[PDB]
Structure formats: structure tokens, C-alpha cells
Amino acid sequence: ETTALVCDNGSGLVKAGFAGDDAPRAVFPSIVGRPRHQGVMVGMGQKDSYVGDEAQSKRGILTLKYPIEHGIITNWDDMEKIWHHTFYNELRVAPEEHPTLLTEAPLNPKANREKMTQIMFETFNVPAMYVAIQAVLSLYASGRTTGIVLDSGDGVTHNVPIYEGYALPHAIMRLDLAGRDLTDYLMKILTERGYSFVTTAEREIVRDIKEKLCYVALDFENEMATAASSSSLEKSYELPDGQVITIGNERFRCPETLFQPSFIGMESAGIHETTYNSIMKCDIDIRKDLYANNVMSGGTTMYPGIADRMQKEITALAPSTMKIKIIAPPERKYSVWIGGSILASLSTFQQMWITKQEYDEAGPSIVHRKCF
Amino acid sequence: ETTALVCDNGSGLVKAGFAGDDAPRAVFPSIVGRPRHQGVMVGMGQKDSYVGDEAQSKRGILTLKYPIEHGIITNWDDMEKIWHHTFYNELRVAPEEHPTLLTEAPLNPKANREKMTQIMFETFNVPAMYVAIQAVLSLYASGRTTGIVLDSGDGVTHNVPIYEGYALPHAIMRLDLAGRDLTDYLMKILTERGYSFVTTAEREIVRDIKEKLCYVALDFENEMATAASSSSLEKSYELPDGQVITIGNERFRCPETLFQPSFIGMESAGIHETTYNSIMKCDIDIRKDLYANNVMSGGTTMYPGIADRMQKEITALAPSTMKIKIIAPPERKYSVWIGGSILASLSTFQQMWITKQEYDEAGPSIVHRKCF
Amino acid sequence: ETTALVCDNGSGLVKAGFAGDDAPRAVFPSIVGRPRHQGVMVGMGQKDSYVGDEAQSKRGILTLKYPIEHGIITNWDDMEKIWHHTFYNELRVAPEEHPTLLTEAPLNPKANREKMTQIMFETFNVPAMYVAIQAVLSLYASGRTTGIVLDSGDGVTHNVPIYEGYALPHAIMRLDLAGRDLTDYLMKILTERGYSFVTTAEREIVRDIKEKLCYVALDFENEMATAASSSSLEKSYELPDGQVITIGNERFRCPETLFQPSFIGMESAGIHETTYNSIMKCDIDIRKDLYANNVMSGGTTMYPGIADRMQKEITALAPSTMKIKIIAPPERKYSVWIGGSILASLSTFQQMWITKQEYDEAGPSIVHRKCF
Ligand SMILES: Nc1ncnc2c1ncn2[C@@H]1O[C@H](COP(=O)(O)OP(=O)(O)O)[C@@H](O)[C@H]1O
Ligand SMILES: Nc1ncnc2c1ncn2[C@@H]1O[C@H](COP(=O)(O)OP(=O)(O)O)[C@@H](O)[C@H]1O
Ligand SMILES: Nc1ncnc2c1ncn2[C@@H]1O[C@H](COP(=O)(O)OP(=O)(O)O)[C@@H](O)[C@H]1O
Ligand SMILES: [Ca+2]
Ligand SMILES: [Ca+2]
Ligand SMILES: [Ca+2]
Numbered sequence: 004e005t006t007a008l009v010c011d012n013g014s015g016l017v018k019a020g021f022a023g024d025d026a027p028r029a030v031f032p033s034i035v036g037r038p039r040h041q042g043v044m045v046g047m048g049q050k051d052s053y054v055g056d057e058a059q060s061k062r063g064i065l066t067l068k069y070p071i072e073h074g075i076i077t078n079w080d081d082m083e084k085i086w087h088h089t090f091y092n093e094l095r096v097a098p099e100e101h102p103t104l105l106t107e108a109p110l111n112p113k114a115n116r117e118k119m120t121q122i123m124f125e126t127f128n129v130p131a132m133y134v135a136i137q138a139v140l141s142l143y144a145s146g147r148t149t150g151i152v153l154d155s156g157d158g159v160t161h162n163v164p165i166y167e168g169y170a171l172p173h174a175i176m177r178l179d180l181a182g183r184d185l186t187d188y189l190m191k192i193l194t195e196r197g198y199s200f201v202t203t204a205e206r207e208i209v210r211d212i213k214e215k216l217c218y219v220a221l222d223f224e225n226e227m228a229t230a231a232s233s234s235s236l237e238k239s240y241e242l243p244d245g246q247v248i249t250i251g252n253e254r255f256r257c258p259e260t261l262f263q264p265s266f267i268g269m270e271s272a273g274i275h276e277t278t279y280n281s282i283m284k285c286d287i288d289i290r291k292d293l294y295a296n297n298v299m300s301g302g303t304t305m306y307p308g309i310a311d312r313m314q315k316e317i318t319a320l321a322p323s324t325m326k327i328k329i330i331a332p333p334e335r336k337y338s339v340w341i342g343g344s345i346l347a348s349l350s351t352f353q354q355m356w357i358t359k360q361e362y363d364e365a366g367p368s369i370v371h372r373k374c375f
Numbered sequence: 004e005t006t007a008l009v010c011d012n013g014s015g016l017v018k019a020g021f022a023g024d025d026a027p028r029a030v031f032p033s034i035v036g037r038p039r040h041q042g043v044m045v046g047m048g049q050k051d052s053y054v055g056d057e058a059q060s061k062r063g064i065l066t067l068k069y070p071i072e073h074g075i076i077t078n079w080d081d082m083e084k085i086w087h088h089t090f091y092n093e094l095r096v097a098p099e100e101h102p103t104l105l106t107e108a109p110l111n112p113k114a115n116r117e118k119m120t121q122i123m124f125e126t127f128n129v130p131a132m133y134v135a136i137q138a139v140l141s142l143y144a145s146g147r148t149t150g151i152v153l154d155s156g157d158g159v160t161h162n163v164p165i166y167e168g169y170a171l172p173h174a175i176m177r178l179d180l181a182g183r184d185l186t187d188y189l190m191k192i193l194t195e196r197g198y199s200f201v202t203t204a205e206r207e208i209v210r211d212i213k214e215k216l217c218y219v220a221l222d223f224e225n226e227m228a229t230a231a232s233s234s235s236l237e238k239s240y241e242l243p244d245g246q247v248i249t250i251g252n253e254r255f256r257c258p259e260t261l262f263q264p265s266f267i268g269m270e271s272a273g274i275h276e277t278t279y280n281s282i283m284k285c286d287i288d289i290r291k292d293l294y295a296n297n298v299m300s301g302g303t304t305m306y307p308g309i310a311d312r313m314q315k316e317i318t319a320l321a322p323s324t325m326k327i328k329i330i331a332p333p334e335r336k337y338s339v340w341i342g343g344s345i346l347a348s349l350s351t352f353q354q355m356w357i358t359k360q361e362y363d364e365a366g367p368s369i370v371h372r373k374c375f
Numbered sequence: 004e005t006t007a008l009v010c011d012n013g014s015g016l017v018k019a020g021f022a023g024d025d026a027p028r029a030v031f032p033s034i035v036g037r038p039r040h041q042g043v044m045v046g047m048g049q050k051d052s053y054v055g056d057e058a059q060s061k062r063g064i065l066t067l068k069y070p071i072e073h074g075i076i077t078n079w080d081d082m083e084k085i086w087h088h089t090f091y092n093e094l095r096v097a098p099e100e101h102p103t104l105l106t107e108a109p110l111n112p113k114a115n116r117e118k119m120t121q122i123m124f125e126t127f128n129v130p131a132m133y134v135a136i137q138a139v140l141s142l143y144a145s146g147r148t149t150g151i152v153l154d155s156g157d158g159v160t161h162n163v164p165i166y167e168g169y170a171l172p173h174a175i176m177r178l179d180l181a182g183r184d185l186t187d188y189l190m191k192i193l194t195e196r197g198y199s200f201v202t203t204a205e206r207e208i209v210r211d212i213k214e215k216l217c218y219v220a221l222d223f224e225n226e227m228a229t230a231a232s233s234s235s236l237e238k239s240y241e242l243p244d245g246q247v248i249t250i251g252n253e254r255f256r257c258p259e260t261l262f263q264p265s266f267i268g269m270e271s272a273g274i275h276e277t278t279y280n281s282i283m284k285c286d287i288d289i290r291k292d293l294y295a296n297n298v299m300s301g302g303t304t305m306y307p308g309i310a311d312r313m314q315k316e317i318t319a320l321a322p323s324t325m326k327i328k329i330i331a332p333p334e335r336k337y338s339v340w341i342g343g344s345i346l347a348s349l350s351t352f353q354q355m356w357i358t359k360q361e362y363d364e365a366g367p368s369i370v371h372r373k374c375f
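Chains A, C and B, in that order, are what the protein sequence lines are. Taking the entry's author numbering, I'd label the letters of the first sequence as residues 4 to 375. Taking the entry's author numbering, I'd label the letters of the second sequence as residues 4 to 375. Taking the entry's author numbering, I'd label the letters of the third sequence as residues 4 to 375.
Isolated chain A, as found in the complex:
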């Protein structure tokens, strides 16, 4: 009778909804706002803290804080506020009679998982729980049982190879370079044109202009020479005060940090070299099927032109005798949640739930034994 809830807790955006549906019921950015100015008006509905889209609407008078930093929950009171808002105010449901599925990045610290188990079996008193890896849900939504998944959120960019439903845990790659670092790099490179962006509302504006006006170059050097010589690549954006800015070559230097991490000073390899070493760390028999199935998910793969540059770099790195095809569906930023709608819908999954009873006589540590 009961229908399970699915809550994709990413790093910047939270997607919560019911199992079996095609699209998430509530998508809103996971932020907590607090007022940085004194209040002169008596009344006004002056809440001590703002959450969700309400904080995003009046961000000019709010200091905004992200409770998730690099896929790791730092502030927990903000997270119980986020989960209370998405349970009671958004979905308008009671958690006492609903199973609940969570998404977590691999190679995460363990105490995050026991505190996640602790802070919702005791407070919201759910009758079931499960925590799953995001890339497994990406293959569930993709409808195939084989491939290597590049998932890049706001904080974590991880590569997971899975062959015939059997994941290889030694081949799991994790990088801390994602869209927040791209936002910070876009803050850094806009100072040459003279536009100053320092505050968190300005960080939201930099995230919006990164969402609307960025793309990946197929080749960096020739398009840099084209932007230096010609005057066709620039575009205009309208700031919400009324000012208009013009951006030339910065709209393709920003995602290039994904392929060249030395721009922000990170020593580690690019995302193409990370994917190629993740394929190279796997066994020799399964690499042929892994070259033919490259699955993407997350909003950071929403830059136009990521697939062609990705295919060119993997085709350069791999030997030429292999065919390389990249699956990039246009609904992939909501991909992982749809896998949750695959996962709770199955009757085979219905006995591996962590109910209240095994949580009582084992403590939080049961989430290590059951989940993953």
C-alpha cells in the first residue's frame, strides 16, 4: 500500500519525490539562509532562518550556506532543517509510513553514513531506509547492466565501472573538482574584464550565468586563437539590477578546468585521463564493452559539446581499433532519481530495506552491512 520516497541529496540541489513517477516532485537548491542585516519593521514574518526557494528569492538580505561540502555533510542542523522542509512543506507527507531511499557518493567518510542513519530513524521515525550509490542508479535509469558511469555533481566527480551488475570497487575514481570549483574559477577569471563578484548572492548569479552561457570547446587552442582574432564568440547577459555584461573567451575557458585541472592549481589528471585510467585498471576482457558504454549523469554534464570533446579525447587515448560511443541523454541531470524510481518499484528489492527492528538490535552500523 505504501509508496517509497526517493530523496536525491546531491551537493547543490535536492530532488525529492515519489517512487514510480517519471519526474521528481520537488527540485530546489539545498541552501540555508540567515539574515545579515538588522530588522526595523515590527512583524513582517521575520523568520530566524530561510530554507529552499524562499532563501533563493530574497538572497540579497541573506547570507547563504551550503550544508553539503564536497559530498560530505558538514552542518547537520541545517540538514535536519532541509529534510524537515522537503518532507513537510514540499511533499506534504508524513515520514512515519513511508520507506526512504538516499543517494551517496562512493569513497565517502563512514561517520556521515551512521549520522545519516541516526538522524532520521530517531527524529522522523521512518519504517524503512536504504542508501545507494548514485552511479548504480544511473545504470538503473539507463536501462542497461553494463557500463562505466561518469557522474559529476556540484561537489563530487566520480567514475564507477560496472560489468553485468558486478561493480569493481578497486577501480572507483573520485575527484573533488566539480561545478562549485567551476563557479569559483569563473569568479576568478571575470575580474580581468572588471566585474567584481564576492558575495553568495553573486555566487548564485555566477552559477546562473555558468548554467546559461557556457560550452566546451572541441579544441582549445584554435578556438582561443579565433576568440583572440575575431569578435564573434562574445555574448551579452543581463544582470538583475539592470546592468549588462559582455563575455568573450571566458565562456569556454571555464569548463576547460574539467579537462585541465592545473588552471585551479590541482595537480591531478583530467576527466578524460581519469576515465581512461579507470578503464585501464579494470580487467582486460571487459574493456571492450566499457569503451562502448560511457554513461553520463548530473548537471555538470549539461554543458553543450561535452560529448564530442569527450569522444575525441578517449579516441585519442584508446587504441584506434575500438569503437567508442557515449550515451548522453537530455534528461540525465535528473537521471539518478529515476533510478531510485526504478529501484523502489522492484519487488526483488523489497526485502533488503533497513527497517526499524534491525536498527534497534544492531545500532547504526547495520548501514555498513546492508547498504553496499
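Calculated directly from the structure, the hints in this document are not laboratory data. Incorrect hints may appear among the rest.
Where chains are identical, the list cannot tell them apart; a pair therefore holds if satisfied intra-copy or between any two copies.
Stated by the list, open to error - Here are the computed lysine-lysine pairs in the DSS-like style, where the Cα-Cα straight-line distance is at most 30 Å:
| hint | residue 1 | residue 2 |
| --- | --- | --- |
| 1 | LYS118 | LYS315 |
| 2 | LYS284 | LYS113 |
| 3 | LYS61 | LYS326 |
| 4 | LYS359 | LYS284 |
| 5 | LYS328 | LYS284 |
| 6 | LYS50 | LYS328 |
| 7 | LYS191 | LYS61 |
| 8 | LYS213 | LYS328 |
| 9 | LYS359 | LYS215 |
| 10 | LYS284 | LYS68 |
| 11 | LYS118 | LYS284 |
| 12 | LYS315 | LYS113 |
| 13 | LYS68 | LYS291 |
| 14 | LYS291 | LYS328 |
| 15 | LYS326 | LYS291 |
| 16 | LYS191 | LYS336 |
| 17 | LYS315 | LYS50 |
| 18 | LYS50 | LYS84 |
| 19 | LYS291 | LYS238 |
| 20 | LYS84 | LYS213 |
| 21 | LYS50 | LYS284 |
Fit chains C and B with the ligands to the supplied structure of chain A, relying on the hints for placement.
Leaving out everything else, chains C and B with the ligands in the frame of chain A:
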């Protein structure tokens, strides 16, 4: 009315079919695979054991085990699994209404015979059964009655001389030097060029390299001087991860272990000297017929140039006044099956099966007094 | 009258000195460091590259490269620079009038060895050289002529059995599991407690943590049981910035990859099983001396409790009437150089030196015919 099943149960491959047919139907290698990595995707028939060619298909995520090791059935549960697969899936017949002939190497322990008798009669409940020697079935398939048969499968190299149907049990020779050892030696010498192969999955790849690219040199020192002087003997192979390897003298260094077994530390004689010591251990007058009828059989005699080398070595070893002929049919790797199709079809053979009643009155020991 | 040099050029560290001495003079890790930021200060004695301890001290602004990867020399200009540094700058020795001795792990590919000849003769112009197997030098430093040597360096872990000075080439076992893989696995499991290490500069910090605080558990399951049920096993470590970390069960899980290599995903067996198969692949008589003369060498055998654990595992594997002794001297880290100094200063040794003239007619391929 009932058709007898012929199941040549070799070390590497198994060949199952009906008696009277000219070729076996179910030919598949004798491996059992078990999962090695963590299973994450719920459902879709994740089996705990794969046997036969599907284990070859999924070998990148499976640890592989050979139940027969040099003609010794070690793990009997896997052997029962592969007999269940070759009865019920491949041939897809009821084993309780068909007689079953089985093959074995000579100088093999009696508990192997007793346990094959026990598993045939108690588990599958066959109505009749018989066990025969591989070299005798090779001489049946050769279509002659006098000769010395050298059969070298994947795990065993045996040599049996027969004159006018009367075998000579004192002159039967056995040697644990076959295709498994040749594969391991080729795995050892491939590291000199920098190619590394360690796992059991890529042992099949090294076996395929040995099948496709090796050959027997007529003169070893001249071929070594030719490989050292020039590069015409080099050949390339495509691994299934796209990497292209190339090998020079390693094509003919690997089968030379059959003629020079001191390369892997065994102080025993070569297979030509094994035949020469076999032919002098026979009686004084039957040697002339045995020299002209060197029947060759087995899968590891399919190398190019092995017959001319064997001709030169026996012609050097024997006194020069006789003809030495080596019978090498092009279908010789199935010959152990083919005479097994010959032997079960004879009307003079139908009285010497082991029935159910004889097993019930005499225990498993009936196969010692009846079979050979 | 001239003295020989002994330069153990292992995969992690270089240990160089004169023959006849009891201890090496120049011990430094095989590191080539290159700058990765921009240089803004004019002058300051800035160099294009760094080597040795000078690379180690300035590692915060450097990208570090190992030229040797699992025994195989990959980058040759870096290793030429390391040989130039250890000859001219460390030892203060002009190498045109001193012979040198070099070490190499067995089952290495041949193409290193001639190049290990070639730039030794064409660049530095040494009068003679010799290349030796490391386990032979370990048995020289042990002062006995009979035993099996487990040598585990930074890249290669190999077993070599030698009885009465006669090595058995077919029983030599190689396994690519050593201190770099242990460092990478420790770097993987340290993310469970929330400690992140991604750059190659802080890989040396993880190596120092592995050197100081790790130990081999005698029995694994009760050690995990008492690690979960108490906190006496936890130890604290000081990072050089000032931060303090605390490690618990990670102290003994990281040596356990030596005995349970399925943690990092390779299908192969542990070092005790590899030693046991190396003993059983030898001849039937000599095992009486091989069980009682286990010899350990290399820096990877420096963990506390490895000898008692290996004694318990070998005593489990061997039959109970066999006496098993493991020889673990406290100077076994430096034993390869000590045996090289013993061999180089030995009286009958000075006829198997590969001289300049013999290289001049024979080409680089003299090293296969003369050395080993
Ligand atoms: N249309 C778009 N184009 C480029 N980037 C986008 C787009 N939409 C979202 N993003 C980026 O994706 C990141 C978050 O995406 P997503 O993975 O869906 O959320 P989360 O990281 O919270 O799971 C944001 O930092 C944003 O910069
Ligand atoms: N064309 C070939 N070239 C070289 N070796 C071959 C060839 N075909 C088969 N073999 C070898 O024959 C061995 C097994 O052959 P066979 O005797 O038919 O199977 P079994 O030993 O199981 O009875 C294998 O190990 C394989 O290496
Ligand atoms: N005290 C110690 N405890 C544990 N491991 C050590 C210790 N000292 C060195 N090691 C390990 O030994 C490895 C290399 O040691 P060594 O064999 O001396 O150098 P090489 O492998 O270059 O010959 C290093 O990777 C290091 O992790
Ligand atoms: Ca996400
Ligand atoms: Ca055979
Ligand atoms: Ca060493």
C-alpha cells in the same frame, strides 16, 4: 532403439554426442566460473556458477577453475555440475534411458574409476555404462589394428602400443607434459618482451595465442639463428583490449618443451624419446609394424610442422634400414570421440556394458574387472 | 687495485657505496621532481629539475615522478639523471675508472637490461659492470648457501629458491604487490575517517604513516573484533602543518593486502601461499632444507609481526611433522647492497665482469650471455 551417448571428458574440453554420428555436437571447454567482484545490481538472474561457454563469455568477472587436473578429477561437485550441463542443457536428453561411454587416461588411480561409476549410477541413474582408454579409441578412429598411439591432450601425454588388438600394458608410457604446461611456459616467456599475464581470465587469451601463432621448428638452432638475424619470423596478435602485441622466436620456443622438457625443470625425456623407449620395450618382432604406424592424436599435436620434426627425430634415433610413417589426419583432435562413436555402435560390444544389476550386486568395483 | 661500486637501484630507493664496506653511504629515494607553479622571483638558484633529498625537502611546489615502475624502468632520462646524481654529487666519484654493480628483480623484460648496459658504457664509460639477481645477493648477505628468499621491495615481490648454490629457474615466483600498492590502498582506506590525500607530494606522508604506525596482525578476525570493541589500538600522528590524525583498525588492514590480495582486486594468492607453491614446485628431497631456511629481505618486510604470521601460515600449510624457521635479521632492509659488496670484493669474482672490449665486439647482447 536406444542410442548410446559418447562423452569424451578430456582435461581442457569436453565432447558429447550420439554414437553413430561422424562428429560430436556439444564441444565446450571444461571450466567452472564463480563471481569475484561485488554484486550491486539487484536481479536479472545473477547466477552463482557459470559452466561451459557462457563462463568463457563472462570470464572478465569470474574466477575460473578446471575440475580435471592432469586426468585427475579433483573437485567432484564441479564435475557433477558440468555433467549435469552436458546432459540436460547441451544434448538436452534424458540420461536414464541412454547408455553412456566415458574416456580416461591410462596409469590413473582406481578411485577415479570407482567415483565415476558411483556418480554415473547413483545420481543420473543411467541404465548402462562403460569406460574405455583414449588411445584405443584413437586406434579405432584410425581404421587400423596395429600401431603405437601418442595422445597428448590438455593435461596428460600418454603413449600406448597395440599389435593385432593385443595391447602391451608393460610398455604404456605416461607423462604430465601437455597444453596446460605449454600455456604456463608461454606465460613465463612472454614477460621477456614486457607483456604481463597473471590472472586465470587471460590464461585463455594466452591459450588462444598458442593455438593461433605457434609452430614447431624443424631445426631449433637454425630457427634461432634465423630469428636472431632477421625479423621475418615476427608476427602480431590483437588482444581484445585493442593492444597489439608482437612475438618473434616465442612462436617456436613454446612447443620445444614437448621435445626438450628440461626448459621447465623436468628431467624426463622428450616425446620422440618417449616413443623410442616405448617401441624398444615391445617384443623383438613387432617393432617393424610399430615403426610404420606412428598414429598421432590429441589437440596439442595440431601445431604446424610437428610431424616432420617427429619424422626426423625417430629417423635419426632408429636404425636407418626402415621406413617410418606418421599418420596425422586433419581431424585428429576429435579422434578420441570418433572411435567412441565406432565402438558403441558395434553389435559385438552390446554384451560387455555394465548394467544396473551388475553394479547393484558388485559395488563400484565392477569397473575394475570389466573395463580393461 | 681499484674499488668496485655497489649501487642497488631499487624501485623506491637508491643505495650506493663502495664494495668491501658494511653499510651504504648514499641512501636516497629515486625521485625526479619538476616545478609546477610559476616562478616570480628573479634568480634564487632555480633549477629545471630536482633529484634525491633535495627533491624531498622542496616537495610542496614539485611534481614528483618515479622513473622505475614495478621494476621496469619507464622514463630513461630521469634514471640517467639519478645515476649522474648518485655518481657525481653523492659519492664524489668519477666513474670512468671504477667498476659498478647493479641489481635487478628477476622475470623482468630483457629490453631494460641492454639499455642498463648501454648508457652505462656509452655515457659514463665505466671499465666494467655486472648485473645480479637481488635474492642471490640476499643469500650472500645471509652467509649461507641454501634457502628460499622472499624479497619484497617497493615494486616487486618475488620468491627464489636456491639449494646448495644451485638456483631453480622454473620455481621462481613473481608478484606485483609491494609498498606502492600498500601506500595506494592505505590512501584509499584513509577516506573512511575523512582524511583526503590526492596529490603525489602527500603520498610520501602516507608512506611515512605506513612506515611508522603499521604492523602485521597475528590473527585478523579477533584483531578486528578487539579493534571494534575497544580503543587501545588507536594511534595518533602529526602532520607537518600541525594537524593531528588518529588511525584505528587501518594499522593492520594495510599489511593484510600482502596476505589477502583480493582487497585490491587481484585474483592471485598471498605471499605465504606463493612461498608454499614455490616450495612445492621444487624437487621432493630439498624441501627439508627449504622449510627451515626462509629468508626475508627488503623494506616491505620491516613490519612488526610479519615473521610470526608467516610462520603460522606456513605451519598451517605444511604438514605438522615439518620444522619451519624464518630468518629475519634486523639489517634485512639493506641486505641486497651488503651481499653485493660481499660478491664484488670476492676473489674469484674478477673474471665474469663484463668489460669494455667484450661489449665492443658483442654489442649490448653480452649481458644475456654473461650475466645470469
Ligand atoms: N544547464 C546547465 N548547464 C551547465 N551546468 C549546469 C546546468 N544545470 C546545472 N548545472 C550544474 O550542475 C551542478 C549541480 O547539478 P546536479 O548534479 O543536478 O545537482 P547536485 O550536484 O546537487 O546533485 C550545478 O553546480 C550547476 O553548475
Ligand atoms: N590449433 C591448435 N594449435 C595448438 N594447440 C591446440 C590447437 N587446438 C587445440 N590445441 C590444444 O589442445 C588442447 C586440448 O585439446 P583436446 O585434446 O581436444 O582437449 P582435451 O585435452 O580436453 O581432450 C588445448 O590445451 C589446446 O591448447
Ligand atoms: N620501517 C618500515 N616499516 C615498514 N615499511 C617500510 C619501512 N621502511 C621502508 N619501508 C617500505 O619499504 C619500501 C622500499 O624499501 P627498500 O626495499 O629499502 O627500497 P627499494 O624497494 O627501492 O629497494 C618503501 O616503499 C617503504 O614503504
Ligand atoms: Ca548529483
Ligand atoms: Ca585429449
Ligand atoms: Ca629491494
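Status of the hints after comparison with the structure:
1. For a Cα distance limit of 30 Å, the shortest separation of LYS118 from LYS315 qualifies neither inside one copy, at 43 Å, nor across copies, at 35 Å.
2. Taking CA atoms no more than 30 Å apart as the test, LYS284 paired with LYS113 passes in both settings, with 25 Å inside one copy and 25 Å between copies.
3. In this homomeric assembly, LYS61 and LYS326 come within 30 Å of each other (Cα to Cα) only across copies, at 20 Å, whereas the closest approach inside a single copy is 50 Å.
4. For the identical chains of this complex, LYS359 and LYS284 are neighbours neither inside a copy (39 Å) nor across copies (43 Å), given an alpha-carbon limit of 30 Å.
5. With identical chains, the CA atoms of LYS328 and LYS284 are at most 30 Å apart within one copy only, with a shortest distance of 19 Å there and 38 Å across copies.
6. In this homomeric assembly, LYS50 and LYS328 come within 30 Å of each other (Cα to Cα) only across copies, at 29 Å, whereas the closest approach inside a single copy is 51 Å.
7. For the identical chains of this complex, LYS191 and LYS61 are neighbours both inside a copy (25 Å) and across copies (28 Å), given an alpha-carbon limit of 30 Å.
8. In this assembly of identical chains, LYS213 and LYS328 lie within 30 Å of each other by CA distance solely inside one copy; the values are 27 Å within and 33 Å between copies.
9. For the homomeric pair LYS359 and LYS215, neither the shortest alpha-carbon distance inside one copy (45 Å) nor that between copies (43 Å) is at most 30 Å.
10. Taking the closest pair of Cα atoms, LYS284 and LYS68 come within 30 Å of each other only across two copies (20 Å); inside a single copy the shortest separation is 38 Å, beyond that limit.
11. For the homomeric pair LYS118 and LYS284, the shortest alpha-carbon distance between copies (28 Å) is at most 30 Å, but the shortest distance inside one copy (32 Å) is not.
12. In the homo-oligomer, the alpha carbons of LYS315 and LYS113 never lie at most 30 Å apart, since the shortest distance is 37 Å inside one protomer and 33 Å across protomers.
13. When the C-alpha separation of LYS68 and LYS291 is checked against a cutoff of 30 Å, the pair qualifies only between copies, where the shortest distance is 24 Å, while the shortest distance within a copy is 44 Å.
14. Proximity of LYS291 and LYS328 under a CA criterion of 30 Å is satisfied intra-copy only: 11 Å inside one chain copy versus 47 Å between copies.
15. With identical chains, the CA atoms of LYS326 and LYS291 are at most 30 Å apart within one copy only, with a shortest distance of 8 Å there and 50 Å across copies.
16. Taking the shortest Cα distances, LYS191 and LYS336 sit within 30 Å of each other both inside one copy (26 Å) and across copies (28 Å).
17. In the homo-oligomer, the alpha carbons of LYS315 and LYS50 never lie at most 30 Å apart, since the shortest distance is 52 Å inside one protomer and 36 Å across protomers.
18. In this homomeric assembly, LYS50 and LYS84 come within 30 Å of each other (Cα to Cα) only inside a single copy, at 13 Å, whereas the closest approach across copies is 44 Å.
19. For a Cα distance limit of 30 Å, the shortest separation of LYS291 from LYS238 across copies, 23 Å, qualifies, whereas the shortest one inside one copy, 41 Å, does not.
20. Proximity of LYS84 to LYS213 under the C-alpha cut-off of 30 Å is restricted to the intra-copy arrangement: shortest distance 28 Å within a copy versus 41 Å between copies.
21. For the identical chains of this complex, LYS50 and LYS284 are inter-copy neighbours only, at 25 Å across copies versus 52 Å inside a copy, given an alpha-carbon limit of 30 Å.
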